[PDB]
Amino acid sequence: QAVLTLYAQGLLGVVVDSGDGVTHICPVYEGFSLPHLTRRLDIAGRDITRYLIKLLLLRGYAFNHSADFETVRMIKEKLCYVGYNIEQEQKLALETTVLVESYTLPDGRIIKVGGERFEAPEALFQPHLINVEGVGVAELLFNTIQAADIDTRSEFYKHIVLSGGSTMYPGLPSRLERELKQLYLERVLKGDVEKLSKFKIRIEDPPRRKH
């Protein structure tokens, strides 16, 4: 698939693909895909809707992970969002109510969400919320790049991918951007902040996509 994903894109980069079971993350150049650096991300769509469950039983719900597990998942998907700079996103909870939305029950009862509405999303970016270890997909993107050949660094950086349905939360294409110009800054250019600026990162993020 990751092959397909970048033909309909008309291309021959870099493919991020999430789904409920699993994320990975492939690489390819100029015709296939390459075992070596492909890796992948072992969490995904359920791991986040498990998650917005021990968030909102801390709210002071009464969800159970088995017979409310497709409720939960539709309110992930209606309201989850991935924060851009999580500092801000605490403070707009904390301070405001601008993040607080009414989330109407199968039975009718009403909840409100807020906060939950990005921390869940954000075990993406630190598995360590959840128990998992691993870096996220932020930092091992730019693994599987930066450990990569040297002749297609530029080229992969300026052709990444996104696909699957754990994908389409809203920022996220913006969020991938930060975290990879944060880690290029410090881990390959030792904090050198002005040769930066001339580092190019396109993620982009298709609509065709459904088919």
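Residue numbers count along the first chain shown, from 1. Take the two forms, find the largest set of C-alpha atoms that superpose within 1.5 Å, and that set is the rigid core. What changes on going to the form deposited in another entry:
The rigid-core alignment places the CA of residue 196 2 Å or more apart between these two forms.
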Contents of the next structure:
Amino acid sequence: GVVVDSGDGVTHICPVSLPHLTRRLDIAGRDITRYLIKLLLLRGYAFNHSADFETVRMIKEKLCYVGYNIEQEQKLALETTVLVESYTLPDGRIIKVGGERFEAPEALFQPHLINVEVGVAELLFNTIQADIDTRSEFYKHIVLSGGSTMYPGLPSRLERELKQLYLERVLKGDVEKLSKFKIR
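Structure of the form deposited in another entry, given the form deposited in one PDB entry:
Chain only, nothing else included.
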């Protein structure tokens, strides 16, 4: 089965192993933390990329998550204050974080957000899409590995993304049903 492994430095996708089909994503742990800092800025919080990295990383690890339907998540942050959570910095001060709890990790699906040139979702699709006798077995045997994969809702997101990609680049109409695959 296929192994998605995103850590601190880089994120991998490994069919099983076979060097030929493997791929790597230039966006992982640090990249997100970094993007988070940039976001907590336009918010009004000034975190030095060098001095506060460790701190912001704890924030990311505690309040960040993967939005299922971004359009849905963006409306939540814009129209209501349910995403807002308070985080206390080492110096005692308290800051609030909301829409950026999901915007930061979004980069994994939208690299351009952090100016990197397809997104782990589309990368996984392709990796497999390109043996036919082994495709079905892969899709139904995707295992996440890595610290940067512990984002609440990440599996659900992959599945929705892959389903969107399966329906467009493999079909066109609705014949999904049998399109079985669990990213447990």
